[PDB]
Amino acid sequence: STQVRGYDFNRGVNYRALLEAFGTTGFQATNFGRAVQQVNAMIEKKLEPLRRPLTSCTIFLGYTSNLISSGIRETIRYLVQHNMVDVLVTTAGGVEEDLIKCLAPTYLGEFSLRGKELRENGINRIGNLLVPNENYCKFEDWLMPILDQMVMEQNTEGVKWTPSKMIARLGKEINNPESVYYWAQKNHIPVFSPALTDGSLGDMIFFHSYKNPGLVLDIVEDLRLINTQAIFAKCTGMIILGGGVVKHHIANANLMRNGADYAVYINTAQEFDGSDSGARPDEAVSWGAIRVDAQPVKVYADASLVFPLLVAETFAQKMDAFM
């Protein structure tokens, strides 16, 4: 039986102690402390001895596209750079905006900026962030020569493209250590995104296809690829930021092994609308995506606040072991 007690600033600002005190502070601070424990359990299992080498715990990291628009892009890049996770799942924006950020920056704005004035100035709004139209022109100039080569390799070298194979290629092409997908392909970390056409990359494929028709992106082979990552794992953990396709696709892969061993959700969705996004971890227990003997954790919060704190208290403390 653990008593509720917050951090006492009469001790001064001891940041490690302040973060540890979230566990006994209550409400979502306590869930944060539980999430730290669950992620550290994943890492401790992964470091147990037994293209990418198998480890004792396969960690799936999922995130919605807007988190790549945000500075959480740097947090994810760090984990991928140091081989701390094994499989990435994101929607199409979460692919393309990592690449675009290597060509031009995203800027801070406000949620309340009016769409008319923004559109008239060629500025696209993402929450309280701003992406100029010119960023996508740069993307077009960068991407079209690659699409030309991909069609050629398909038609003359027999290549059968899927979203994950295209994402590996785009990461190699961007050739920039600030990029998540640069590090992912270098470290043989696959990236799944079954609706890769739903964004700017789709715009480009669409326009490209009228001049150079025929590109195929098969989602069936990529379903086999993600499901086998779960089926042949010794143990699995899921770390899922946000909801939607990213959350369900990781969960359903883990259903194929009768459930993940560890799971942490950070998302703002609520259960009352019946949505998969808002479903509690215990819903996933009913269908076998989380094992009955797991102790999963959900933190109800904007991941832009919580995820850097979580990484500080887990992966970043064990960096030595990942090098």
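Numbering follows the first chain given and starts at 1. Only residues modelled in both forms are compared. Just so we're on the same page, rigid core means the largest C-alpha set that superposes within 1.5 Å between forms. Compared with the form deposited in another entry:
The one residue among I76, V95, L241, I250 whose Cα position changes by 2 Å or more between these two forms, with the core held fixed by superposition, is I250. The Cα shift for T268 between these two forms, taken after rigid core superposition, is smaller than 2 angstroms. Superposed on the core, the two forms barely differ at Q28: its CA moves less than 2 Å between these two forms. In this overlay on the rigid core, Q295 has a C-alpha that sits 2 Å or more away from its partner position between these two forms. Once both forms are overlaid on their core, the residue ranges between these two forms with Cα shifts reaching 2 Å in three or more consecutive positions are 244-256, 290-296.
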The other form holds:
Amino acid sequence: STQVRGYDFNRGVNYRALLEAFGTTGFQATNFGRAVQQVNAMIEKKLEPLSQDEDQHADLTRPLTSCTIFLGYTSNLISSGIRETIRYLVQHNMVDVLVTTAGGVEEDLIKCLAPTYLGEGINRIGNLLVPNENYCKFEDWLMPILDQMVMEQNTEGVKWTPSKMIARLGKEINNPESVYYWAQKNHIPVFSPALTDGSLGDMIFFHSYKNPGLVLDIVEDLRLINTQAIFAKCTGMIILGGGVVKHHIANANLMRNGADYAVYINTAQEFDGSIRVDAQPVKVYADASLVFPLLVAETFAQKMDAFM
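Please could you give me the other form, the form deposited in another entry, since above is the form deposited in one PDB entry?
Just the single chain follows, nothing else.
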């Protein structure tokens, strides 16, 4: 059994030892240390070379690795500075699939046009402020792209889905601060059935009266996200801010393995009800704005050289 012991500041400030001491500190500090262990296990799996046999399985679809990592996050984390943390992972191909919620696409693209501010015509998101002007700049940028998307649908047989639209918006924003710029550049698909539930939806709706008939099919994206999970050698999940992806994915009939590694960081409670098996997930009960940068510092950022 491991004894409870906190970091001793009589040693001075050794940041690596202080962060490792979370594991023996207890409560959510211990969950954080278990999350670091799970994510380091994911990364070490991902960096294992595929055999010529495994490599063959992999190509039945970006290059397959030994661990396909799904990174799911709520839109609020894109409004926060965690946008930079996510952009870094996507930029360096450290994760394979993104899943987000309503607002999670446009809040990244808008930040390329105008900043979000700290608080305590304004959109308030917790202690953040997005001036209404930011949405106006975004709408002016978006409308011509929606025109091209409808023309391509009608003249070049394009069958749009949320993931194909998000790839197109990332290509158009053409800005290395953008999560979605890097995802499309690095062939990391982005899934968001809720893509139209917020401001981007208001704009697509408005656009549809002057230029009707845009179709966004969710069933083709249903097949694409499943293909990422079914053809994976191994599956990891890092899910932030809420239940963006429920942990139970193991499905014998679909040939879909459970995740070998799963980390959840959120402040949701269980009490109101909010093939390889599904591994026991690690849950850190904490604001991901605090915890996710610390997790990335102790895991992905330690293996930067291997992803360059």
